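As a starting point, one isolated chain is supplied in structure tokens, in the form deposited without naringenin (NAR).
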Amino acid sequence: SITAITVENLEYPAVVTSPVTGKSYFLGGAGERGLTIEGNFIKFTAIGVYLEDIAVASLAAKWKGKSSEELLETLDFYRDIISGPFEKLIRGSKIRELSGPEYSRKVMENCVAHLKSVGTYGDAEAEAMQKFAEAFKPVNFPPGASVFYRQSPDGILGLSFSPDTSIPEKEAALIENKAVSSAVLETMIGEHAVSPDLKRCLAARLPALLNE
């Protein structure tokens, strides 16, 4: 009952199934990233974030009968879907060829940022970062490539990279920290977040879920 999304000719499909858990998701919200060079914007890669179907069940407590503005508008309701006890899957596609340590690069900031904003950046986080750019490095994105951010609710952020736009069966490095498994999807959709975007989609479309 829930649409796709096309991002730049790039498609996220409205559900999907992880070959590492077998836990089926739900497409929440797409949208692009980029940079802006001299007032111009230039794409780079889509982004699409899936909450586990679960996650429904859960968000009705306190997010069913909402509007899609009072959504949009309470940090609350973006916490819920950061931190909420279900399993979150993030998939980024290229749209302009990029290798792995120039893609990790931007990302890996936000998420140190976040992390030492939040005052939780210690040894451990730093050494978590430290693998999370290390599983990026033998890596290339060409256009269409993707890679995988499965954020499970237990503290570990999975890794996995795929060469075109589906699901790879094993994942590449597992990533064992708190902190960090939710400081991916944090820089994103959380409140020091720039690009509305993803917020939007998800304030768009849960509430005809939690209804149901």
Given for the second form:
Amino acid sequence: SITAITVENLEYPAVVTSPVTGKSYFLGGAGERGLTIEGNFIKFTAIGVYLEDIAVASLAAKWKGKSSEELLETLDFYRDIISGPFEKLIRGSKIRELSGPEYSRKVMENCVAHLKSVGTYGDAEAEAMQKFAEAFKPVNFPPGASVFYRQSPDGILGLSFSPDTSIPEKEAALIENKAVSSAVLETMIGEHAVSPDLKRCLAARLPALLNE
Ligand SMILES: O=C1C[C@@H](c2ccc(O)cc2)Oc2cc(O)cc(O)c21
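Switch from the form deposited without naringenin (NAR) to the form solved in complex with naringenin (NAR) and give that structure.
Okay, now the whole complex, with that chain kicking things off.
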């Protein structure tokens, strides 16, 4: 009973398979991100977080039997999701047109803040973030265009860009850095991620799967 989610006409299939790793994932949750301008929420993109199918078995031990309300208030739960021994696939699909530099600027800002926050922002991470930036420079995201973050548990962040919502066959870059690899997802569902839409989806959707 793992359904699909549609955000501003941008649909997120309940399941997807990576053309890069062959692994299959289930939709953990989908929401929206944008900017608050003059007290008004201006939507810029849709975001969906996919978890490798094996995430269920991994999370089962500690979080089966827990209620959605309980999971939602438990930071540890989200930590297991963020740093769990399974691949996470994040798909951002634009609502409003953003260039690669424009979009990446905010993402990188949050990633850097997180990294410095937890004391893991050294030269290696800075270089990884520059490589991150470089990968986005030649890209533009018109409405519907997407960015795919493949978070490998092996400490690598794969970056893919699509003209639309379809997963590209090949990745544009590989950011090989452990800290940075989870930084993106951390800024989406981590403790210091204000927006709760993705967290709420995860808390609401996981219990059913964890129970069976
Ligand atoms: O999906 C987005 C939107 C992005 C963004 C919003 C508005 C804008 O004008 C440019 C970029 O900021 C982010 C920053 C993050 O840490 C994680 C995210 O998932 C995102």
